[PDB]
Amino acid sequence: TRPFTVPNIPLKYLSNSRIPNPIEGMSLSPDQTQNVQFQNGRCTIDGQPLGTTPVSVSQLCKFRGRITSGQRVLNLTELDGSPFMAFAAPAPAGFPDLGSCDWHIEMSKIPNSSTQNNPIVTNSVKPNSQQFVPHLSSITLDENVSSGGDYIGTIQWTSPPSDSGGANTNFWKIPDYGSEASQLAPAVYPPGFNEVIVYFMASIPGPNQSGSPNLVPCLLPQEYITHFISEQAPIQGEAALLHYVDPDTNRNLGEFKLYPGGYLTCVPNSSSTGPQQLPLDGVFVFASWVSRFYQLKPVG
Amino acid sequence: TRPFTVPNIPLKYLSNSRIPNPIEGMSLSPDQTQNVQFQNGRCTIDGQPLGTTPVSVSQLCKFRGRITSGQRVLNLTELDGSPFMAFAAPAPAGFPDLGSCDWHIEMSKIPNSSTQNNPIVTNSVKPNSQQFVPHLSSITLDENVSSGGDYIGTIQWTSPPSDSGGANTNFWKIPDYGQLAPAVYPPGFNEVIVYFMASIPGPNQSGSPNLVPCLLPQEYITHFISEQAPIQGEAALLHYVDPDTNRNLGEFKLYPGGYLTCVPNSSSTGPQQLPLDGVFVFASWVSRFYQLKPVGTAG
Numbered sequence: 229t230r231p232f233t234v235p236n237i238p239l240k241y242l243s244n245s246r247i248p249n250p251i252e253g254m255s256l257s258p259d260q261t262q263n264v265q266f267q268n269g270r271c272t273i274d275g276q277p278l279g280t281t282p283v284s285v286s287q288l289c290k291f292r293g294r295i296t297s298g299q300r301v302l303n304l305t306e307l308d309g310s311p312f313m314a315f316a317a318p319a320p321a322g323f324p325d326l327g328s329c330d331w332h333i334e335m336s337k338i339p340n341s342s343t344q345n346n347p348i349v350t351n352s353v354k355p356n357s358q359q360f361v362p363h364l365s366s367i368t369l370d371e372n373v374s375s376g377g378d379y380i381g382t383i384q385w386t387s388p389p390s391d392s393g394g395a396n397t398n399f400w401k402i403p404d405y406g407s411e412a413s414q415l416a417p418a419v420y421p422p423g424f425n426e427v428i429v430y431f432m433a434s435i436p437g438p439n440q441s442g443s444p445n446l447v448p449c450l451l452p453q454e455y456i457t458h459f460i461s462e463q464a465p466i467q468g469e470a471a472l473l474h475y476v477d478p479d480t481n482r483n484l485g486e487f488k489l490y491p492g493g494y495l496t497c498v499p500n501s502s503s504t505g506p507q508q509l510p511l512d513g514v515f516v517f518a519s520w521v522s523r524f525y526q527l528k529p530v531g
Numbered sequence: 229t230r231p232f233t234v235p236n237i238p239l240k241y242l243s244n245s246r247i248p249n250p251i252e253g254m255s256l257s258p259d260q261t262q263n264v265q266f267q268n269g270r271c272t273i274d275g276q277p278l279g280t281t282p283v284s285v286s287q288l289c290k291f292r293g294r295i296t297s298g299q300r301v302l303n304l305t306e307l308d309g310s311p312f313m314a315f316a317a318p319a320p321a322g323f324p325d326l327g328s329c330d331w332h333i334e335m336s337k338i339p340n341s342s343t344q345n346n347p348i349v350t351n352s353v354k355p356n357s358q359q360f361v362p363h364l365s366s367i368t369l370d371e372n373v374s375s376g377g378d379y380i381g382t383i384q385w386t387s388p389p390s391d392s393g394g395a396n397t398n399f400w401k402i403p404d405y406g414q415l416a417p418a419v420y421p422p423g424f425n426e427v428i429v430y431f432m433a434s435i436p437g438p439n440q441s442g443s444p445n446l447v448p449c450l451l452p453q454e455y456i457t458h459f460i461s462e463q464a465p466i467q468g469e470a471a472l473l474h475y476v477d478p479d480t481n482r483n484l485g486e487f488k489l490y491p492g493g494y495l496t497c498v499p500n501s502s503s504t505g506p507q508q509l510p511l512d513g514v515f516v517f518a519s520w521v522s523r524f525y526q527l528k529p530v531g532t533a534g
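Heads up: the protein sequence lines correspond to chains C and A, in order.
In terms of the deposited numbering, the first sequence is residues 229 to 407, 411 to 531.
In terms of the deposited numbering, the second sequence is residues 229 to 406, 414 to 534.
By construction, these hints were calculated from the structure, which means they are not laboratory data.
Honestly, I wouldn't trust all of these hints.
What the hints assert, rightly or not - In the DSSO-like style, the derived pairs of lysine-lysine whose C-alpha atoms are separated by at most 27 Å in a straight line are: (1) C:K337 - A:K401; (2) C:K354 - A:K337; (3) A:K354 - A:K337; (4) A:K337 - C:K401; (5) A:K240 - A:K528; (6) A:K240 - C:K337; (7) C:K337 - A:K354; (8) C:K337 - C:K354.
As the list claims (entries may be wrong) - Across the chosen pairs, the derived CB separations fall in these ranges: (9) A:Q507 - C:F424: 54 to 60 Å; (10) A:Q344 - C:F524: 48 to 54 Å; (11) C:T343 - A:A314: 35 to 41 Å; (12) C:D308 - A:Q463: 31 to 37 Å.
To be verified - Stretch by stretch, here's where chain C covers chain A in the computed footprint (C-beta under 8 Å, at least three residues): (13) 273-286; (14) 438-449; (15) 452-458.
Every residue gets a Cβ at the ideal spot worked out from N, C-alpha and C, and that includes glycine.
If we strip away everything but chain C, and leave its shape as in the complex, we get:
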């Protein structure tokens, strides 16, 4: 019976699980009653990935598809060029889940066949548009692509969403996949007992209305998810009790519950306080399996 483990690595060295960028911080949701329905960075702690969650940071917040010369319709594939059908997920593995914003994308043809010239095409996507239908293997870009072929790309930068009545960037949202998308990873809610969900923050370039850090929250560092996928440790409680340990002094900085559904909660010591003030060079370590009744020591 394989014991449950999380990777023995300091947080500051681990990747966000919605964008392939280093974790800079832990944060609460602006409203702490708020639910999230992220499709990337979703994994049960016995190693079942949910929604669009890929295995590797190398497949995270990427898209692949065929576009016809001088046209705007990207016909989406899996990132290996395999056909995608949404029988089990809302979009291909890795597909971005960055809601309430415009995507300014970069991409290039695969494989390379060129002997000179810049292979990079920049373009943009309004995921609130009606022909944003990744659930049907299709999205339409804003500008025509001169050279047809097999394109792999990523979100280069984000901006507040178009045709939204001047709404700000809001990375706590996900896109509409459907037009109806049925295979979504379920929303996650704060599960009672004074507990709030903890989010791992990373920056992506892009302007926003406040001229502030452009931060994407996720539920779990990607390397945790890859661990769980390889390990497949059986769940033997209603939640996994975790310590955020300073690896130099061996001292516990905070008690946390990691629920079987793959989200982490804590009790903040106040609103002036919480995992926001914790250093980034701590290590999460499994203590024991507890019930959901289990009451945590306030953090901070």
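Assemble the complex: chain C is given as a structure, and chain A must be docked to it using the hints.
Same frame as chain C, but now just chain A:
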């Protein structure tokens, strides 16, 4: 004593350890006896990173530094903005080690303070140029930078090196940094080093796939760093296993230094022939003299 293990994940879901890009293939070197001296994707199998090798794909083939408005000199820090300690490493952790090419980069100021406009600045670096001195904590870009500040970026695309008598792109080579992980040689007994290939955008003179080689999947390196399994022989005998049938598809030696080897069954055949949906499984610790069953189709 944590027994030695390798992640239970098919190769095709894993990342290159020199570029943050999915593994597409295994390949031998152009001369199959040639040494390599990659600074990224270097890690002992008991979990010691070597060279610039980062822990995460998130930090891989990336740079950060300060630029003054109207200058070309990028003064390097670590990726979190902390000073580069020039003496522990050849370059900040995750700094690209792609030699024998021009780098066409993209970068942006961190943190964002902007309310409109595109934040991406593009630019060029000749790593073979005079002022490519990362060891001395700076590189010089080809184009002036309008707007000074703290920049983080990556290699967007590669091209054959400038000022090189028209040499091709050679991803088997590193730049001169101006404390290197040591060179890796085939160890003998007709063993060749096995390389894991990923695509980065860019033209080459062959007009063919633009593939970077690396010694280990990054997820393998991250596991070793977490597990720190003690080394209990001169080599970790591995099997490349088809997880559907438990079929053994080939025997490999994983050296403590962090390179994989096989014996190719002929000059034109070997690991390049293997499917990418296998899993590497630790079998046993063996002596460096252990003779591998040759891999690949018989002559």
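Here is how each hint holds up against the structure:
1. A hinted pair counts as satisfied when its Cα atoms are at most 27 Å apart, and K337 (chain C) with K401 (chain A) qualifies at roughly 25 Å.
2. Only pairs whose Cα atoms come within 27 Å are accepted, and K354 (chain C) paired with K337 (chain A) is accepted, the gap being roughly 24 Å.
3. Annotation: proposed proximity of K354 (chain A) to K337 (chain A) holds, straight-line Cα distance about 22 Å (limit 27 Å).
4. Restraint check for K337 (chain A) and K401 (chain C): the C-alpha separation of about 25 Å stays at or below 27 Å, so the hint holds.
5. With a CA separation close to 24 Å, the supplied pair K240 (chain A) and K528 (chain A) stays within the 27 Å bound.
6. For a cut-off of 27 Å, the pair hint linking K240 (chain A) to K337 (chain C) stands: about 20 Å separates their Cα positions.
7. Simply put, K337 (chain C) and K354 (chain A) have alpha-carbon atoms about 24 Å apart, close enough for the 27 Å limit, and the pair holds.
8. Taking the CA atoms of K337 (chain C) and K354 (chain C), the gap is near 22 Å; set against the 27 Å cutoff, the hint holds.
9. Remark: the range hint 54 to 60 Å for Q507 (chain A) to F424 (chain C) is upheld by a beta-carbon distance near 55 Å.
10. Checking the proposed 48 to 54 Å range against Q344 (chain A) and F524 (chain C) shows it holds: the Cβ atoms sit about 50 Å from each other.
11. About 38 Å separates the C-beta atoms of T343 (chain C) and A314 (chain A), a value consistent with the hinted range of 35 to 41 Å.
12. At about 33 Å, the beta-carbon gap between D308 (chain C) and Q463 (chain A) stays in the expected band of 31 to 37 Å.
13. Counting residues of the region 273-286 of chain A whose C-beta sits closer than 8 Å to any C-beta of chain C gives 5, which meets the bar of three, so the coverage hint holds.
14. Check result for the region 438-449 of chain A against chain C: holds, 8 residues qualifying (beta carbon to beta carbon below 8 Å, three or more required).
15. Residue count for the region 452-458 of chain A with a Cβ under 8 Å from a Cβ of chain C: 4. That meets the three needed, and the coverage hint holds.
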